[PDB]
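Only one chain comes next, encoded as C-alpha cells, the form deposited in one PDB entry.
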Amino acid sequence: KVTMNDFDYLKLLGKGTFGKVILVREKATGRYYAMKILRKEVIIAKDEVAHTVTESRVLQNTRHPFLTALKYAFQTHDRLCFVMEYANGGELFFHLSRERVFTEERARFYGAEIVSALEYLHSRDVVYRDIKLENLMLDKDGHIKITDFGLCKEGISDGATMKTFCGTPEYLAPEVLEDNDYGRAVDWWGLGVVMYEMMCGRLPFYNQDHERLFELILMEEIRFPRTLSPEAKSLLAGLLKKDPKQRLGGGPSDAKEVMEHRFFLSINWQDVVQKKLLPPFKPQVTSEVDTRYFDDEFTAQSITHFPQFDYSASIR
C-alpha cells in the first residue's frame, strides 16, 4: 500500500477550498509528479464523495495525449491523494493572464487539442462539464493537458441527460441555467468560452454578481472585435449558440461538427492526436523543479474509507 511519506514535498503549486496541489518527488524513483491533496472532512461536509470518486475512476481507464495521466490514487484516515504528471507549463489561465490575448493561430492549436480530448471523452460516454482556463494546463513541450475530472458524469451518450447544477459560473451553458436537464453539448459551450477568451482577451460575459452573470449568459448577445476573422466569429457564434440543439457539436456527430468547421480548415485531426503538430509556445523551464509558470501567490508558501479509489498505474 502507498502512503504519504513515499514522497518529498517541494513546492505548493495551488491551494483552494477543497484542498491543495504540491510538486513532489517520488523517493523510490527520484521522479517528479504533482500531488493533489484533498481533505475528507471537507469533502464529506460538502457532500462531494461521488464526484471525488468519479474523478479517480474516470482517470483509471482513460488514456489520451491531452488528458493528465494518473500515476497513483491513494488515501489516509483523513486525506485523499492524487499523484499525476507535473504539467511544467502551468495553466493556460497563467499564460493568457500574462499575455492578455493569443493569436488566432495559437488559439487554433490549443482548441484542436481540446477538441481531440473532448471527442475521446464523449466517445467514452463521458461529459467533462468544467472546461476552463484553470483546468487546461501545458506539459513541458507545450501541449494541452486537461486537469480536474471531479465534475465528470459517466454513461452519457448521444441524447442522455444530466441533472446536477454544477460547473463554473462564468462557463455555465445557458440550458444549465434552466430547470430540468441538459446534455453533453455543455462541453462545446465550454470550449466556446475558452476559445472566446483566447482570441478576445475576456470572457464573453462577466459580472461578479452571479445573478447578473447568469442573466447575461441567457439573454445577452456576444460581441466580437472587428478585426476578428469571419471564420473565428463563425466558430465562436456556433460554439456559443445558446440553443444546444443548434450549437456546433450539439448534433449526433458530436465533435465531427466542430472538427469540420472552417476555422480548422488547416488542421489535420490525425496529426493532432498523434502529436505531430508543433506547439507555438514551448515552456522555457530550465530544470524539473522549475515552477516559473505558476504564481508566487502559491509557490512562496511553506508546506473512514473511500471505495473505488486506491489505484496504481503499474498494477492496472
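Positions refer to the first chain, counted from 1. Here, rigid core means the biggest group of C-alpha atoms that superpose within 1.5 Å across both forms. Compared with the form deposited in another entry:
- Of the residues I144, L80, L239, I217, just one CA atom moves 2 angstroms or more between the two forms under rigid-core superposition; it belongs to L80.
- With the core held fixed between the two forms, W269 has its Cα displaced by under 2 Å.
- Taking 2 Å as the criterion, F205 counts as shifted between the two forms: its C-alpha moves by at least this amount when the rigid core is aligned.
- Fitting the two forms on the rigid core leaves the C-alpha of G30 displaced by at least 2 angstroms between the two forms.
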The other form holds:
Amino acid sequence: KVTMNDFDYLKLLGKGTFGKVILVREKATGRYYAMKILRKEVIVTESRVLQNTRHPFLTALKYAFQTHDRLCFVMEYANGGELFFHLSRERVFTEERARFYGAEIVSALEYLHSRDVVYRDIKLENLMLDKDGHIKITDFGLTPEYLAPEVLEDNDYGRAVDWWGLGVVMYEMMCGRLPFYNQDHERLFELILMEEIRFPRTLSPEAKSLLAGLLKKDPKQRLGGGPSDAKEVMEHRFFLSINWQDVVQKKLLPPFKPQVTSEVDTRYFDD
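What does the same protein look like in the form deposited in another entry, given that the last one was the form deposited in one PDB entry?
Partners and other molecules omitted; one chain follows.
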C-alpha cells in the first residue's frame, strides 16, 4: 500500500481551504505526482468519482490513501508546463492552437458529462501540457474568477457551466486577456451577469461564433447547454476539421512540443 513514507517532498503546488497539493516523487519509481492532501476535518463528489474517471486529458488518480487526519490522492503530474505559462509567453495562441487545446478539452467534458459528472473547474490555471504537447486538465490551481452566470445567480452547477468555462478559456487563448480584463474587478458580478462580452475584430467569424455561443448567459441557450450536450459543440462551425476519434486517440499532433526529455525531466518545475 502507499504511505507518506513512499514519497519525497519536492515543492508546494497549491494551498487551499480544502487542504493542499504537493509535488512529490515516489521513491520506488522516481516518478513524479501531485499529492492532494485533504483535511478530513474540512470534509465526496471529488473522491472516487475522479478516482475512477479515466480519460486521456484528465489527470489520473494513481493512489488513494489516508492518514488518520487527512485524505491523500497521488495523481499523475504533467511535466510539459502549465498552459498559463505558455500562453503568456505568446500573449495569444493561433486559432488553430486554441482549437487543438479546446478539442482535447471538449473530449474530456463529453466524457464527464456522459457520467453525469459536472466538472466545475474548467479554467486556464487548471490546464497543463504533458511531455508530448497534450493537454491535462488538473484538479487544483497553483486571477479573477469567472463563474458562470447561473452559478452567480442561482448557485446552479449544471452541465452548462463546463461549456461556459470552455468559452472563457478559449476567449483568453485567442484574445490574450479575459473578457472584462480592464473593467475594474468588483464589477465582475454585474458584468458576467449583465454585460455583453465583446470580441476582437481580428477573430475569424467561426471562432467569434463559438465564443459567442459558449458564453451565452442563459445556460438553456449556451452552446452545449442543450440536451445534446457536447454534440452541439463538436459540430460547431469552428469545429469541422476535427476528427473526434482522433482527438480522444491522442492521434493529433500537438502544435507545440514542450521542451522536456522525458516525464522524468524536471525542468518545468520552476517559473
